[PDB]
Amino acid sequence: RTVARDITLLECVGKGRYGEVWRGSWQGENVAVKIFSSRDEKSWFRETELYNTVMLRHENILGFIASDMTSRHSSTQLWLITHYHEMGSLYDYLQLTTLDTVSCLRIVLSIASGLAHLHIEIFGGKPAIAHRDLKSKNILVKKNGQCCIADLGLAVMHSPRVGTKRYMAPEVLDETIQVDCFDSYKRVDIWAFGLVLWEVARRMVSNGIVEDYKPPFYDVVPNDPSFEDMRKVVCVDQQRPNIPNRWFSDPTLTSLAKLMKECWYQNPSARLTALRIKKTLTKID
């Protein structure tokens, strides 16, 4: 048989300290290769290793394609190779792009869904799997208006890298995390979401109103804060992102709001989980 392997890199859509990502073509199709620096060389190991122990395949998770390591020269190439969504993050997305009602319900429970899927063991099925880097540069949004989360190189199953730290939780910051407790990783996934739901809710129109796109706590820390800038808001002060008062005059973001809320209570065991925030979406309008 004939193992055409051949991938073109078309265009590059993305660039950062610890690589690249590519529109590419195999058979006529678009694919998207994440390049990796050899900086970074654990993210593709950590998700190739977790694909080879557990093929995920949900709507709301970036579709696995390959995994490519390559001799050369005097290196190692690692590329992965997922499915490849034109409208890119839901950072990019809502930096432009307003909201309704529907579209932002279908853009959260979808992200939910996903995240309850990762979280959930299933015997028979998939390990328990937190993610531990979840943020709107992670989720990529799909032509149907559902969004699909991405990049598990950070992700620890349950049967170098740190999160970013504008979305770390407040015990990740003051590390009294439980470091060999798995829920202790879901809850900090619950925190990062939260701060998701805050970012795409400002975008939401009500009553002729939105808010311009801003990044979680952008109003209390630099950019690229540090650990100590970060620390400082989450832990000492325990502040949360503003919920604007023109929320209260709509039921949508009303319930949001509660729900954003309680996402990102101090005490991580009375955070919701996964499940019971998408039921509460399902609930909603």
Given for the second form:
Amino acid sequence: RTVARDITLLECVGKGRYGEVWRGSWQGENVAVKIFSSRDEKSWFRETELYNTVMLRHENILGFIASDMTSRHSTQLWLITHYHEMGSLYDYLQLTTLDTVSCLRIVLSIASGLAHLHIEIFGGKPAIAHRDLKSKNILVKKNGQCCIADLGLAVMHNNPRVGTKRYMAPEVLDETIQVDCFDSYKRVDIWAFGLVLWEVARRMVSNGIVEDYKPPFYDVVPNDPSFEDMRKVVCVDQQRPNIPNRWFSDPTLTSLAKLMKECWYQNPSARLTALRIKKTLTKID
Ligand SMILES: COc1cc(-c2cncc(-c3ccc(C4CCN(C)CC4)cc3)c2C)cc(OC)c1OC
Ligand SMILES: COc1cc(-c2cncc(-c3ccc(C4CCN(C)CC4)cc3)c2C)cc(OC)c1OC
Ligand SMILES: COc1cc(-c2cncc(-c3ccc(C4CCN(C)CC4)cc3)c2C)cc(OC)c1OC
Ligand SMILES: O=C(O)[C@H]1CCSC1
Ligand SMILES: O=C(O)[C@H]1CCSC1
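Next up, the form solved in complex with (3R)-thiolane-3-carboxylic acid. The previous block was the form deposited without (3R)-thiolane-3-carboxylic acid.
The next block holds the full complex; its first chain is the one shown before.
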């Protein structure tokens, strides 16, 4: 039989230190093709090893299609996934505001994806921690739900080696994280989840008011904040993202402020679990 492997790369939709992401076409169908830099080859190996161990399939996890290694004169490393034309949550929040139903649908879908990663199923799948959760690593689907992307730093029950500094938990910044305990990595994801919840909630309209899109800690650290910049804010001063007064006039944003506080405790073991966040979100509105 013919094995059709040609992908037409149509347009570059992302460029960074990691390499590039392209919208591509395979057999009439849109795919996303991540082309890894030599700098970030370990992310391709980790994601590939994870998918070789467990073929994750979940509506709120970016859908795997293929991992390709091709010999050149160098080695070319591609990861091929489903394509989400609306782009990342980061991209989407810049222009778009949200109503109550759209805000809740986004954050419950992220909680659903994250709980699916975290849970060991004994049938099944090992427990997985993401280790780089942020709004750029979440894609928006046409049905209003999101999916979690980029398992290049994921751990299974370290890696390329640290996550995005702006989203690092206090125990990562102060180097107290108990690195031999798998639950430690789940708790780091919950911290980052809380920051994403804050980024989304700001864009939910209430009483004719909305906040502009800002990244977590926009008001206390520079662009491309250093490790030290983040440690001083999060660990030494114990600062947390601001909850605007206008949220306390809206029952949904009041409930979301309480949830994000319960993701941001200095004590990692005090933070809510992804399953408890899902349950809380299903009872809001
Ligand atoms: C190698 O490389 C790539 C391959 C493909 C691809 C193209 N056509 C058909 C296939 C296919 C799938 C599954 C079977 C089964 C049939 C039942 N039998 C009992 C076991 C085997 C055969 C063939 C594939 C996997 C796409 C790619 O990109 C999207 C590839 O990557 C470049
Ligand atoms: C990698 O990705 C894609 C692959 C394909 C594709 C192409 N040829 C054959 C297959 C296939 C056929 C049959 C089996 C099974 C059937 C039951 N039992 C006998 C074991 C073997 C598996 C695989 C597929 C899945 C299509 C896709 O999209 C339409 C893909 O997505 C881009
Ligand atoms: C995060 O991680 C990965 C993401 C993807 C991915 C999948 N669907 C769609 C996208 C996308 C499409 C389009 C835009 C637009 C936004 C508006 N404007 C700025 C021009 C461009 C942004 C994003 C991406 C980037 C694939 C991946 O691997 C193949 C990823 O890595 C695992
Ligand atoms: O790039 C790396 O360091 C990884 C390759 C496979 S295992 C370690
Ligand atoms: O086990 C889980 O939590 C996943 C099943 C479908 S939704 C999440």
